[PDB]
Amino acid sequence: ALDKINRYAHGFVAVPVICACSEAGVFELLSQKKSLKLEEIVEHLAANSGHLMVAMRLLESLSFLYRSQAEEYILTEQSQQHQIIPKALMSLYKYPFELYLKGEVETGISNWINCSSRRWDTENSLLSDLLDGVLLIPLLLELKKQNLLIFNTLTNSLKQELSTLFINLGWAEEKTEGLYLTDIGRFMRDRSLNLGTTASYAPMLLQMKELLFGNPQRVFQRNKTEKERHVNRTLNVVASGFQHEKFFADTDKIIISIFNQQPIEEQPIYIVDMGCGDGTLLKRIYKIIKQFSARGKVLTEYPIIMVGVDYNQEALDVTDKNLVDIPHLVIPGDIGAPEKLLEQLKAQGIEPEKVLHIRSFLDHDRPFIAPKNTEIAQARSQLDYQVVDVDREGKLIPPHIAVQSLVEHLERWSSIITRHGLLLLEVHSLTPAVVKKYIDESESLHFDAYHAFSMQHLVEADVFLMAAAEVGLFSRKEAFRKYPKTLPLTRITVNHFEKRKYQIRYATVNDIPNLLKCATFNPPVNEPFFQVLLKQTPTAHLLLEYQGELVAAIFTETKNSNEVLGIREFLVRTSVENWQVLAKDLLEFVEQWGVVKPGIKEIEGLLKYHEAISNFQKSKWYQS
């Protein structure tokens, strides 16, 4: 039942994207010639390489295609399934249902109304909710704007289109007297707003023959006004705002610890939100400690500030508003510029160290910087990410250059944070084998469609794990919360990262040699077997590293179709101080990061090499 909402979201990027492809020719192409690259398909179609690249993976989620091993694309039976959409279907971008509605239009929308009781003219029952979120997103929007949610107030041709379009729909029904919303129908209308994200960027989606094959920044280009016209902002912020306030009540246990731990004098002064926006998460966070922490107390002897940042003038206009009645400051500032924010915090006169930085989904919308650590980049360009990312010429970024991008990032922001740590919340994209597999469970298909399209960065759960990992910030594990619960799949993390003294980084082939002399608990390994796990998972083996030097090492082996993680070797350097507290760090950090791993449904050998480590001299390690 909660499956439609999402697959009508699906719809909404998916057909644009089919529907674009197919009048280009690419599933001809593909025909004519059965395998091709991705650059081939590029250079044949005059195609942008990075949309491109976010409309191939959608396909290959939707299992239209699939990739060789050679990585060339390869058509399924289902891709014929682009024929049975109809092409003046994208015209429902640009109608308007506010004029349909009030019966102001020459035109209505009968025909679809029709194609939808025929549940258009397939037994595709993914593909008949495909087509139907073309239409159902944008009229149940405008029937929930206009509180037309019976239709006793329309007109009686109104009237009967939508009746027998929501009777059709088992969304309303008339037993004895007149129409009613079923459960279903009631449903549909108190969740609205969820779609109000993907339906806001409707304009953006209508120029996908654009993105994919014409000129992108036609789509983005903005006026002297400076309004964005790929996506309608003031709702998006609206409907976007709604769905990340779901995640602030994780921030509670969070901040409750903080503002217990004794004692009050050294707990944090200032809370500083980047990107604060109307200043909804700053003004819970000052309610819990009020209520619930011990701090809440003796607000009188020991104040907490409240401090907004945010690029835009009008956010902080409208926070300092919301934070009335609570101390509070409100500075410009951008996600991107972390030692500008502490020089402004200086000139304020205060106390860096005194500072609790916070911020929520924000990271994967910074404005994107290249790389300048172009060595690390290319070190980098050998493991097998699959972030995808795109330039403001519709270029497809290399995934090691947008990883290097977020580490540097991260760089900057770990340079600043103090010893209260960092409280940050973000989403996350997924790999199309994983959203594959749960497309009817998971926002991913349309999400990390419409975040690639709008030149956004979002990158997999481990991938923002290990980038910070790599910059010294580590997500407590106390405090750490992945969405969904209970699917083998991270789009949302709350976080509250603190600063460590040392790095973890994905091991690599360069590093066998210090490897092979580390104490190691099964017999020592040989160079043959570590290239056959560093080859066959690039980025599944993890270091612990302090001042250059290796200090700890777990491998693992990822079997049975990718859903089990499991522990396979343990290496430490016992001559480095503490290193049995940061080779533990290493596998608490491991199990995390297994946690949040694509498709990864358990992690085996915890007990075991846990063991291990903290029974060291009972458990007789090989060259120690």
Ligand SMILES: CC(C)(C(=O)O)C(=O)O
Second form
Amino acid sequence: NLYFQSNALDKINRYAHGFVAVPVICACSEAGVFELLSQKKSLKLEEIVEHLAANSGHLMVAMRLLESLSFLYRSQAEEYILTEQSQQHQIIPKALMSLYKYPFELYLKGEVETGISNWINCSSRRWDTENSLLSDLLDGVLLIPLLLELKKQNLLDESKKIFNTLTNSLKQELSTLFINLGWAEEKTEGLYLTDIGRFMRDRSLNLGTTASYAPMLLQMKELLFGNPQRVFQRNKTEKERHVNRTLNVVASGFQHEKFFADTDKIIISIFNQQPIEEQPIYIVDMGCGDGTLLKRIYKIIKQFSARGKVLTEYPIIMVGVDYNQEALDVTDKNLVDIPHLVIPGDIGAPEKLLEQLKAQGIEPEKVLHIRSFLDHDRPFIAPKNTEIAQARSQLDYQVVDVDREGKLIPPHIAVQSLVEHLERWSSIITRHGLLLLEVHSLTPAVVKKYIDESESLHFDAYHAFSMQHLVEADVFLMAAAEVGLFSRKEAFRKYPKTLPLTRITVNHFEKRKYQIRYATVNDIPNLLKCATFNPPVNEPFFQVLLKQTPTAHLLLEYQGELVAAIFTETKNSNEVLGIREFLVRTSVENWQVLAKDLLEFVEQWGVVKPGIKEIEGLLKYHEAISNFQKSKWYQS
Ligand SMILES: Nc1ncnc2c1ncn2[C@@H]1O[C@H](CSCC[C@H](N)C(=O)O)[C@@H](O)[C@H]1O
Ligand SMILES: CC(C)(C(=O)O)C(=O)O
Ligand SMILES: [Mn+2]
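Switch from the form solved without this ligand, shown above, to the form solved in complex with this ligand and output its structure.
Following is the full complex, with the preceding chain placed first.
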């Protein structure tokens, strides 16, 4: 493609970064967060929480955001320490927050008393700083609600003589703005908006998901330091005040549809699988929305699969499921001319779905279950298994989740919740499997490193602020593996494709008889007795490995019995993951297949592990398990 585009993609991502970060920085500044960390240099989160009477959950979201922007960092003892970048909070005009409430619709159409000349001028002086990232962060506060309103009124699609439907003053400001941004130019005759100008106009709708949370972000003060339920509580009408949902849904659909196409190869594979009669009959989408994905899947089957040639004899029935009756209605209308069924249901209640299906006469073992981008937005159910939750508490999970009081849900509680949620789904999944697309958060160390390349700084923040439940992509794959659900190699896709970070996974989960979980210190006695490719490992080395990476050694169990285990090392600025040990128990039926599945799972897990650029040892340890007797294992 073209050369200007690397710079242009950075700008538009930075704009969305600033749209969320500026409310956080401003609220933290006004409340004395940066001065508190000056008067005392090393404070833990709960000390900050106590002294500022803060909401620990939302405040954790802010601190993570500030750490990803390098305004602070955490010590070995998890204490927060300011950096030189933190002084940038003084450069930010705290009146910028007015723009989250400014009627840009009335400004265009000249029905407003006060314009935006000061901000346009601020933008032209690069916001009185030489930090290029900072200037773009502040621009995004202005440009995002402005660029969106310009397109909503078609003031940009006629790129010949832009702005002439506007009064002279309005025309002059906007012209000065775009010309200073390099978005427009005028050589002869009239004004013409350039490449970077068209780039921004074409991609505008992406910004609409971030922009739709402007009400929530305006009340950052209340989230961090007040009563957060005043931001979210819903009327008798039951309309959402924290987000403009209508713009959200539309902008979201336009993004999700990019990933719907990756289900095509899965669908085609499933419905080419011989024989026809053993294929699924029902395709059941939990959280169907407007039914876009169901419609696509049906057409792909009809046009591109063996199944599509014989629907007369072997019909397919599409089933949309949603907890919102309006969604069922739009879905029922979008699926015209497709054999379909719409029924109410909830992402947290697979048992009720199954009961509702049988009431319709649907044979449950003939269902392919699907969904996209819904598990992270489920109603949070607290863990019921307190023992396993307790065993989990010593793993170093970095999930940030906020409850209804704005209190921080401990990371191991959030993971245990996800595990128990997926277990409920696992108990109804059939031989046909579970097609599942999900979005995922990143760790701040990885976000820090890929600030220009990835959407995570703002996406993870507004997701956690709004009490949604993102996890890292490896945590999600582990939670599925703990309950027997494994993402099929041939179906899998992750995004971004070539950076060492995973924001989106496309999965075809299949239910298997075994589970995969993290090895812990409690497994060492059993581990010592396994057959082992390297000479028998002694307990201290297991302790060393378990201590430096508590969530990087995987073991496979079947009916409570250890079958196999793989330990790893993470090295080289945490960019390299390497296979370090391979253990099996050859007394377990089909152990060699299972050990091969575990090596396969470790590769997939390492592919989605935050920050991992390459995996070492796959060939060496594949050879060890593939030619087991010739490889001369110990203790076999
Ligand atoms: N707890 C819940 N149970 C079932 N459906 C839910 C739900 N929460 C939200 N939904 C539905 O899930 C949808 C989220 S928006 C559309 C999501 C769709 N799967 C897609 O990727 O385009 C809404 O239609 C919403 O009503
Ligand atoms: C729908 C959307 C944008 C949100 O949660 O606001 C998402 O999950 O990506
Ligand atoms: Mn979401």
